[PDB]
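The task is simple: from the sequences and hints, build the whole structure.
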Amino acid sequence: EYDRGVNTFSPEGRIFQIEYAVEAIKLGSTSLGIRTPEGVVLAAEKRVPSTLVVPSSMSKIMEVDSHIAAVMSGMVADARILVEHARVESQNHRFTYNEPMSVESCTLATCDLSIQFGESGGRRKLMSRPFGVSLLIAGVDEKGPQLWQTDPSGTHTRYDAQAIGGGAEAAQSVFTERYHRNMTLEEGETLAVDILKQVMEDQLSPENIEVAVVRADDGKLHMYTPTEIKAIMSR
Amino acid sequence: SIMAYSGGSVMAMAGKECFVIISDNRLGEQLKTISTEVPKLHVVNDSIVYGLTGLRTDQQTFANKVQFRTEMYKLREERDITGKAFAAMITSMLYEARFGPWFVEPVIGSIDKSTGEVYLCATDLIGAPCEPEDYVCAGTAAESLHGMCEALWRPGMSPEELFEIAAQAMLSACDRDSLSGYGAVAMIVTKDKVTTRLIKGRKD
Amino acid sequence: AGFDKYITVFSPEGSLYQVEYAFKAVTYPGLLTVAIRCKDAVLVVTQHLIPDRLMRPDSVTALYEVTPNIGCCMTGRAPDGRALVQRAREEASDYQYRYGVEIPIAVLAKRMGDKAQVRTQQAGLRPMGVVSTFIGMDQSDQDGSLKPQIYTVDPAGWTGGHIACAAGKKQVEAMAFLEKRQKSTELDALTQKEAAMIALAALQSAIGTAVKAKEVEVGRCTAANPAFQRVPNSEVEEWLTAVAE
Amino acid sequence: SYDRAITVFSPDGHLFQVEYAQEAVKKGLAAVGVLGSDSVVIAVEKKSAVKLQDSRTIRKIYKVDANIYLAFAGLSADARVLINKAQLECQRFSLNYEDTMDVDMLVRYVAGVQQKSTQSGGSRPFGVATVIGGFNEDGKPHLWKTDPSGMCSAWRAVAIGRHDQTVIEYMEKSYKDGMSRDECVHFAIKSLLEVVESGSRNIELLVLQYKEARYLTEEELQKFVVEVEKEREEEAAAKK
Amino acid sequence: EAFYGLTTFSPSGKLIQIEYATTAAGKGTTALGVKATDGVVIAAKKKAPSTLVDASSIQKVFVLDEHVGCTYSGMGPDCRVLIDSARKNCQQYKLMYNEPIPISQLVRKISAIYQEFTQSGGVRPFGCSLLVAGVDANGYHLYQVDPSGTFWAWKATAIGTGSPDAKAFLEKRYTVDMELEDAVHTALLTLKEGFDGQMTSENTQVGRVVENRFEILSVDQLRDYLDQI
Amino acid sequence: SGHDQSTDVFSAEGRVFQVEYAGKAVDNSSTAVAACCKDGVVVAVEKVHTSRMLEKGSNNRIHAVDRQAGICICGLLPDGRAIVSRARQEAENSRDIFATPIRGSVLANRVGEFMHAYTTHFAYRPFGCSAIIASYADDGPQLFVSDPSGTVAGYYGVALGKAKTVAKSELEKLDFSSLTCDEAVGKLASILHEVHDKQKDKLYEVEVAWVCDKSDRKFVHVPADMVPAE
Amino acid sequence: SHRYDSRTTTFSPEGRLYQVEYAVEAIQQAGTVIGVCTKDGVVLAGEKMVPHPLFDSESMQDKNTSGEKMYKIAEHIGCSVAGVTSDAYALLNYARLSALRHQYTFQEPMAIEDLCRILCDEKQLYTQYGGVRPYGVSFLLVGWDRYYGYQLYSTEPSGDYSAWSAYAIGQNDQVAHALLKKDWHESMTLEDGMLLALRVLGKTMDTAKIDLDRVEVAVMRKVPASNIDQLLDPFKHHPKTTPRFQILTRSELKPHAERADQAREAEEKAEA
Amino acid sequence: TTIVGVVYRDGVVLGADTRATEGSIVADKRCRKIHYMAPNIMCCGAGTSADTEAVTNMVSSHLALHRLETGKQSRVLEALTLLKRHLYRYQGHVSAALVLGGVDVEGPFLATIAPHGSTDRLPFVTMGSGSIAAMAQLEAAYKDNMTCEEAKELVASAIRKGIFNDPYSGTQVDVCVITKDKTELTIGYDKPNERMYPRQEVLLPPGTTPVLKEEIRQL
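Residue numbers (the deposited numbering), protein chains in the order written: chain E, 107 to 341; chain J, 2 to 205; chain A, 4 to 248; chain D, 2 to 241; chain B, 3 to 231; chain G, 6 to 235; chain C, 2 to 273; chain I, 30 to 248.
It should be emphasised that the hints constitute simulated quantities derived from the structure, not laboratory data. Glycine included, each C-beta is placed from N, C-alpha and C at the ideal position. Be aware that one or more of the hints could be misleading.
[Stated by the list, open to error] Derived Cβ-Cβ restraints for the label pairs, each shown as a range:
1) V221/B x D101/G: 53 to 61 Å
2) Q247/C x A237/D: 58 to 66 Å
3) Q10/G x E213/B: 56 to 64 Å
4) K118/A x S220/B: 29 to 37 Å
5) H53/C x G100/I: 33 to 41 Å
6) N94/C x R184/A: 51 to 59 Å
7) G100/I x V225/G: 56 to 64 Å
8) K28/D x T202/E: 49 to 57 Å
9) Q99/A x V134/I: 17 to 25 Å
10) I245/I x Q247/C: 25 to 33 Å
11) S179/J x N94/C: 45 to 53 Å
12) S2/D x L213/C: 47 to 55 Å
13) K28/D x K326/E: 44 to 52 Å
14) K29/G x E118/E: 20 to 28 Å
Quick look at the structure:
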């Protein structure tokens with residue numbers, strides 16, 4: 107329906123398109139992110155459409171840089187372009203300033219694109235709609251391990267433990283407890299895998315999901331292979 | 002310079018109800034014959050024929066453009082493009098790129114099919130049209146051809162006689178020129194028929 | 004198939020409703036102008052009534068000068084007319100700059116009509132609700148003399164010459180009076196004072212108020228002085244007193 | 002120019018234009034592509050042999066690159082305008098890097114175009130879902146599938162076109178890992194024919210091996226369709 | 003800037019905007035034109051809105067160049083656009099080919115603007131149908147373009163209000179071997195038969211192309227035939 | 006219906022409804038008044054404060070446009086800011102291209118022309134503010150008014166705002182032929198206090214500016230101790 | 002304004018593009034034209050409107066390019082149009098420009114399948130951008146090329162094209178379909194092909210004793226090459242025979258018409 | 030090239046040579062340098078023939094478009110303004126020195142445009158290479174209010190001074206006379222250099238030039 111435009115305001119003040127695009131997020135796969143003094147952890151459920159897909163092609167966890175990972179939810183068609191944008195901006199920040207970009211700067215550079223929607227072209231070409239995707243960036247820079255979140259609004263927010271996608275409501279319930287500030291990375295592993303176990307219709311299998319971890323001292327991104335996830339489930 | 006790079010010379014003469022256009026054969030690179038069997042003539046229909054001269058790459062580019070445009074004309078307008086319209090067309094084409102000029106110097110000859118009127122033209126490289134009543138000539142052997150023709154040509158020549166004067170002028174004029182020769186090719190076109198003749202020249 | 008009258012489209016019976024409603028905007032402000040041409044001059048009279056008595060009686064006008072030689076009156080929606088003049092003035096300068104002569108009057112009327120037809124074709128623009136009348140005197144050829152000219156352009160672009168035009172509120176009664184007056188005499192043989200008397204009589208026949216001098220402004224172009232210029236009230240009073248008999 | 006937003010969010014978070022394109026896909030001709038051990042095969046529905054089409058052959062599996070073939074499902078004109086873009090991209094890539102385009106990069110570029118369509122002004126999404134098969138320069142057969150939504154994904158035996166879920170969920174429980182070159186041609190027919198009419202002249206098959214892709218001729222296809230129909234009728238006699 | 007289209011197909015397959023435009027292009031004054039082995043005759047009817055219109059200045063027979071004429075029937079302000087572009091395309095041809103443009107190319111060029119406006123963005127179709135006439139190297143011609151963009155090579159036609167009867171009369175009084183003055187007479191005669199009063203030299207306007215040129219008839223020349231029919 | 010949704014739609018009686026609705030928004034703004042006193046001009050505006058913490062000098066509606074011309078925008082303040090910026094671009098050009106101060110009537114004509122280019126297009130909305138241009142160029146004191154319709158008119162004394170009729174009935178009885186600015190800054194200021202209702206808005210304040218010979222023909226704000234207290 | 006946007010290029014709830022369906026339904030009322038692809042030529046036979054007593058023909062010199070229904074796209078490509086007449090001319094000019102620019106670049110006659118694709122991409126382009134109506138016209142291209150000999154393609158007002166051996170578009174085209182697929186064999190000469198055409202044409206507009214004012218025929222075959230001036234490019238191999246698209250007059254159809262109605266009465270006498 | 034223009038009693042008289050040389054060689058012996066602009070405006074041109082013909086044809090089509098628009102005869106000030114605008118826009122790269130002359134309701138008009146764009150309105154003007162040798166005559170023989178016969182004698186004499194004393198001019202005299210009504214263009218008004226020493230018509234009986242192979246094509 108096209109009665110109200112792409113830029114109209116609702117009587118409650120929130121733009122219609124961004125209010126609808128946030129609703130499309132709860133239709134996607136869930137995802138997590140836990141920040142800890144040792145590192146940050148990103149867990150997600152691939153939610154394959156069939157048993158035939160080679161699952162390593164629908165990786166919900168994309169590497170943006172050797173120290174910056176990003177997990178998404180919603181419609182994974184757009185999130186790929188946000189990730190290419192973050193990769194280009196991070197490589198530029200390494201080419202110009204000769205040092206790893208800061209995670210908050212990557213999130214800023216992502217929202218800077220995600221806001222540029224409208225209809226009247228004129229000078230610059232715009233997006234005809236917001237991205238129906240809520241990213242989740244995690245990384246390790248000098249400010250320690252950091253987890254940032256992004257909405258289709260263009261609004262970036264630093265967190266400590268967040269959940270996006272469908273089963274995020276009960277995920278925040280599991281969050282309010284079972285999470286102190288100074289946990290161990292293994293504790294984060296157990297907690298995240300438990301959450302995934304709790305809020306998914308499928309059965310948690312080492313090939314079903316995907317987990318990535320970024321450790322502080324190493325300072326590198328370390329995507330887990332199914333066997334390592336099996337090692338976590340066996341605990 | 003740049004116009005005498007590829008050599009070549011073309012010359013057209015008007016008879017009573019006919020005309021003959023003749024060109025040399027040589028293609029070289031400013032001294033050295035690349036090939037000895039390239040004529041300069043292009044026939045667009047049974048009453049027009051033109052020959053280009055200048056740089057060879059620009060000869061070919063301009064011939065492609067002129068053929069594009071002539072076939073486009075015969076499609077849009079269901080009829081054979083006449084002589085005068087053709088000459089004015091290529092004049093406008095040449096003057097368009099006036100500061101990026103083509104290095105050709107075309108030589109058009111044409112005849113009215115039923116009317117019987119002959120029409121010669123020879124533009125400069127920047128589009129200046131120049132239509133005489135007797136003959137035109139262009140190329141490296143311009144001055145020599147002018148000299149031979151202004152002495153050999155006379156008003157009311159017939160075809161089998163006009164071909165003689167044309168052949169003799171082209172041969173004697175390319176003999177005193179180092180960038181032309183190797184025989185010649187002539188086309189004598191009348192109201193009723195068009196004839197092509199290869200003319201034995203010095204293999205010098 | 005529902006609206007048919009909110010943009011520039013044809014309605015089933017073959018009409019452009021936006022150009023049919025733009026004729027109701029000219030007759031809205033209640034003004035009425037009459038332009039006439041005698042043997043030697045062109046006159047244009049307009050109602051210039053400021054019912055408010057705090058307003059400067061010399062600020063709001065209807066007569067504008069497009070070129071030193073061509074003037075115009077603008078009947079209808081007051082701002083529109085103003086804007087239109089600017090366009091006309093622009094077209095003069097371009098012309099004056101590009102061809103080196105001052106722009107003829109028929110050329111200006113034709114171009115200002117064309118500009119009006121463009122708005123009645125694209126969906127975006129709104130048609131100018133103003134009936135423009137350009138008056139002037141043009142060079143007549145084969146004898147060199149100056150011949151008077153009156154040209155009208157409508158919101159649709161129906162440019163046309165005239166012998167005497169009336170525009171605005173109750174313009175039909177004015178045209179009827181002018182037609183009845185013409186059936187007897189020959190307008191292209193009258194002199195300036197008679198012509199102005201006929202124009203004022205037509206205007207006082209169309210509204211029926213016996214106008215005074217300060218409610219009408221009169222502009223004139225004469226073979227003697229070819230420039231457009233407006234005539235003072237000391238002259239209009241002389242025609243009012245003469246019509247009074 | 003005209004760049005009004007067309008694909009906009011519905012009051013439930015559903016892109017009506019994308020769902021409507023994915024509906025126009027379901028009304029097309031099917032296409033089943035399966036992945037074998039050392040060769041990948043693709044089968045297309047070849048609408049009909051109407052006794053009026055030119056006796057000359059025209060193919061329905063398009064050669065996007067010397068080693069990458071494509072088979073679409075959906076609207077035909079947009080399919081051609083997408084194949085042309087892909088063929089231009091392969092040749093630009095093997096001009097800026099001297100290296101032949103892998104399959105995966107081509108799938109990513111085509112899915113990028115698909116998705117850019119659903120986020121541009123004045124353009125509706127392409128109504129095509131494609132299956133892209135091929136070999137890298139080190140063997141490694143790859144088989145990918147894109148959607149009008151732009152979400153590409155690598156499969157192992159995929160079907161597109163009408164009755165999509167039926168064929169997929171049928172041939173997922175009958176796909177053995179690591180088939181042979183003559184297994185695939187049998188497994189491609191036996192699964193595709195579960196949706197097509199028994200007519201044997203509306204099937205067009207392609208096998209694709211390392212540095213060699215050849216189409217299976219009419220009698221070659223008949224030899225296998227008879228074996229397939231016999232196995233199916235045997236499975237039926239086993240049902241009852 | 004309203005880049006979308008106004009005219010669009012309908013379930014029945016009709017560009018119904020074009021039907022409205024062709025009705026709007028048949029409500030104007032009546033014009034007509036006839037052919038003869040010696041030339042073409044165009045005859046319009048200057049319906050004066052009032053006795054104060056200066057019948058000298060309103061015109062319905064437009065010269066396009068030394069060899070082409072025109073007349074319309076519909077919205078005058080629309081026909082001004084087509085006349086202004088037609089004269090430009092007639093001069094651009096003499097500029098590049100140095101030859102009087104043939105009529106067929108002229109109509110193909112101005113029938114290409116009708117179609118460009120029936121398919122552009124944010125514009126409505128034109129509402130005027132022309133009557134082109136003139137000479138070229140292969141004889142005399144009389145075409146009749148339409149708002150939909152089509153054009154036809156008539157031999158005697160009539161457009162406007164009162165066309166279905168004017169063309170009916172023209173069916174009967176036409177002859178394959180007509181000279182030129184016969185054509186002028188029959189044009190004026192079929193205009194009178196449909197004239198609401200009696201036509202004067204300033205109530206009509208005819209143009210007759212003879213042997214190289216269009217030459218709109220003057221007031222005295224037009225009179226010389228009016229008081230002879 | 007829909008015939009009153011865009012600026013490019015004539016009503017059945019040839020009225021552009023959107024501009025009447027625009028003028029309706031000016032009819033509801035704070036009061037302003039102005040007098041052209043044959044040796045200078047005086048504009049005086051009512052500022053209705055919605056808050057008693059507002060610093061004096063906020064939401065001043067009288068803006069200088071050139072040395073000698075000023076604009077008082079009765080109506081929507083943001084749109085008045087656009088018009089003031091456009092008038093400033095028009096006045097700086099004549100001081101740049103033509104080496105001369107812009108004549109008052111020309112400035113009013115240009116401001117009206119700019120206000121009217123927004124009531125022809127389907128993609129704009131008419132300005133919701135009426136301007137009062139007070140200029141004193143080498144052609145004498147000039148006071149013009151521009152309505153959202155784009156129509157300009159020169160006055161001797163003009164009244165705008167919510168209370169426009171009763172505040173105009175005050176200006177009929179001034180002389181305007183012998184009236185001097187030095188007393189007009191008292192007269193108009195008292196007129197606004199007489200017309201101002203105080204059981205609707207608890208906070209209000211009068212701000213007045215003038216351009217005459219005493220200020221070196223420059224448009225400035227009145228000296229603070231020249232407005233009567235109430 | 003954006004509220005009166007008809008939105009031509011949108012997907013309807015069932016993936017159908019309404020404007021393209023309406024264009025198809027528009028073409029159905031246009032004139033029927035059929036085209037049969039034989040082994041030594043290809044024929045296009047269509048029906049043009051009833052001739053008013055006052056119609057004239059533009060006295061065109063060299064009348065072999067444009068008839069009333071069939072047109073020439075290049076020396077070796079003819080086409081026939083069905084649908085909105087004045088819209089077909091824009092695409093026809095575009096196709097002429099395309100088939101001339103390829104010859105400007107490569108100096109070889111463009112093959113039918115290349116052009117048929119290059120002017121269907123244009124027809125599709127409007128179905129996806131711009132937001133304006135699509136070209137409501139359908140083609141029948143016939144021509145000859147060294148790649149596949151006599152070809153014959155058919156176009157939809159949506160960009161898709163298809164190669165046919167004998168096709169028909171316009172009024173009652175479902176009838177001519179069932180009739181052409183009924184009788185067409187590979188071993189059919191050109192003159193027997195033309196007999197198949199008119200025969201099934203008269204049946205589609207229901208005329209016994211086919212008429213010669215309401216029919217237009219255009220044949221595309223190979224004639225022996227004509228202007229081979231080998232002495233002006235001694236390294237240019239000119240083929241011995243060149244294709245020529247030719248539109249049939251009254252003097253040369255009447256012989257083929259009297260045999261068509263004669264075959265009609267032959268296959269009619271044997272109905273009892 | 031040598032072009033002269035003389036304003037006489039009623040109208041103007043323009044004259045020019047006919048020889049056109051393409052780089053120190055006489056290309057054509059009877060070229061025409063008095064172009065046409067309007068029924069009452071002629072325009073001689075000197076310098077590069079390309080630009081002289083191009084700009085003249087351009088503004089000659091523009092004036093025709095314009096007088097179809099307005100309906101009046103075209104004024105020479107309009108042609109002069111168009112020409113000078115176009116020429117000055119190109120900084121003299123369009124090297125055509127023009128002599129533009131016509132008749133209006135304002136009487137005759139004769140102006141000259143330098144290739145840079147500057148114009149002068151004079152009683153008589155001369156441009157070209159032999160513009161110094163021709164002007165020398167007009168200064169010595171121009172009296173005011175000359176009759177048509179005197180203006181034509183004077184223009185012919187002023188041209189025959191450039192014909193004989195300049196290498197880049199000659200072989201004929203083109204003289205056009207413009208009045209208010211008519212415009213008569215006589216081409217061969219004077220041909221001083223007559224055809225002397227008749228041709229000998231060398232005889233070559235057809236066949237003397239050997240031919241290898243011939244393809245005749247009947248039509």
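Structure-based check of all given hints:
no.: 1; hint: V221/B x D101/G: 53 to 61 Å; verdict: holds, 56 Å
no.: 2; hint: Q247/C x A237/D: 58 to 66 Å; verdict: holds, 59 Å
no.: 3; hint: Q10/G x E213/B: 56 to 64 Å; verdict: holds, 60 Å
no.: 4; hint: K118/A x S220/B: 29 to 37 Å; verdict: holds, 32 Å
no.: 5; hint: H53/C x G100/I: 33 to 41 Å; verdict: holds, 37 Å
no.: 6; hint: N94/C x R184/A: 51 to 59 Å; verdict: holds, 58 Å
no.: 7; hint: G100/I x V225/G: 56 to 64 Å; verdict: holds, 58 Å
no.: 8; hint: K28/D x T202/E: 49 to 57 Å; verdict: holds, 51 Å
no.: 9; hint: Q99/A x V134/I: 17 to 25 Å; verdict: holds, 19 Å
no.: 10; hint: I245/I x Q247/C: 25 to 33 Å; verdict: holds, 26 Å
no.: 11; hint: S179/J x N94/C: 45 to 53 Å; verdict: holds, 49 Å
no.: 12; hint: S2/D x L213/C: 47 to 55 Å; verdict: holds, 49 Å
no.: 13; hint: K28/D x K326/E: 44 to 52 Å; verdict: holds, 49 Å
no.: 14; hint: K29/G x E118/E: 20 to 28 Å; verdict: holds, 27 Å
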